[PDB]
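As a starting point, one isolated chain is supplied in structure tokens, in the form deposited in one PDB entry.
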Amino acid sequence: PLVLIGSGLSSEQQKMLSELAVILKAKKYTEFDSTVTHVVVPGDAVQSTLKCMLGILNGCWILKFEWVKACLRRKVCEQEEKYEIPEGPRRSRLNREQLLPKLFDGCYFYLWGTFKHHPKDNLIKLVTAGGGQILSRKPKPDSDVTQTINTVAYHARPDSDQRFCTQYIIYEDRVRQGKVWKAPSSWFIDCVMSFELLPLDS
């Protein structure tokens, strides 16, 4: 059935969401897992929280808090389309509805060094949820261990090198050598929020 989760909600907001889960006869979780169907955000904006990002990568409804208010008001499951955060969340939801590849399908990620603002464990979860693969060893751009890989990234722009150069060294805040890019974790996060494989050339 329906499984609801809040992201960045205040005390009263979390209660209202609890009250709503009772009314719709749905689960309300505190921690995200793949069974989640709806993420409610406190305003009308997508947040760079783990919960929102995992919601986006899983193609969940990401909804304005007014949805909750409107639902309690009507005692009905309000058509979520009308309360959906536009851009990233909507694009990902439509992507899932069309049964298309996940955001990072065909992509590989090596997490370089330490991470103080976007914890490493969070990045790993996002890569996995987005259908990407974690590399345990730094990708050797000049080695045949790297250039012979056959994958393509579905979500790369039509004439991007990212369609076929799909390996990434992610570091905490030359851009490409062979099939491997170096990109800051801020780029990676921006990709999730936008549901786009954003250019590193542009």
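Numbering follows the first chain given and starts at 1. Rigid core (definition): largest C-alpha set, two forms, superposition within 1.5 Å. Compared with the form deposited in another entry:
Superposed on the rigid core, the two forms differ between these two forms by 2 Å or more at the C-alpha of one listed residue only; from 26, 134, 149, 70 that residue is 149.
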The other form holds:
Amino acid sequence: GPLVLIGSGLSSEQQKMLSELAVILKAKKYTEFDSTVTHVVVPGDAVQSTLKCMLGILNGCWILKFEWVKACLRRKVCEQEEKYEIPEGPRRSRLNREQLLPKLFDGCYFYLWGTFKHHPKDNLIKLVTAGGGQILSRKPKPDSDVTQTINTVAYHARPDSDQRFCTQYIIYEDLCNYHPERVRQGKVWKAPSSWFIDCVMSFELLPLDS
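Beyond the form deposited in one PDB entry, can we have the form deposited in another entry?
Chain only, nothing else included.
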């Protein structure tokens, strides 16, 4: 298809330059993230811990250093994206979706507990859904647990982690003076919002017990 570009953390001069490139490439340039976005450009050589970037990772977009815009504009060409792609999380996710593999939170369920202020609740719901996870409207417990109705696993869990098959998460906003006594009860973990965000930024289902 058509390319759809967006910038995260770009200066005004950078955003103009991105629009200039979209014209050269016959592409769209947006300011709000959408599932049609193909390319997220960052200002330097590092991922931004922003919603736009995180949505771009969960979508397996190209997350590219601003040098890509400079290079394309000097050549009037869509330069080869892999040579400008941010490594680690972005790249692993891009490859994951090219191979039509499960999204990061496939087989995972999330219940958003308590008050959210510094990780907006809307943001977390966006990210859950974008990563292929399921938002729960009632606190998870065994007598209502859908994972008994069909074998449910989390593809991105490490091989030998309980998170392969214990895939349900109570998420709380960290540092409310709350560390739990047990991080896991049955199939349900209690995890801070800061863990969830770290999983996204890394494209990993990071361990809670190990």
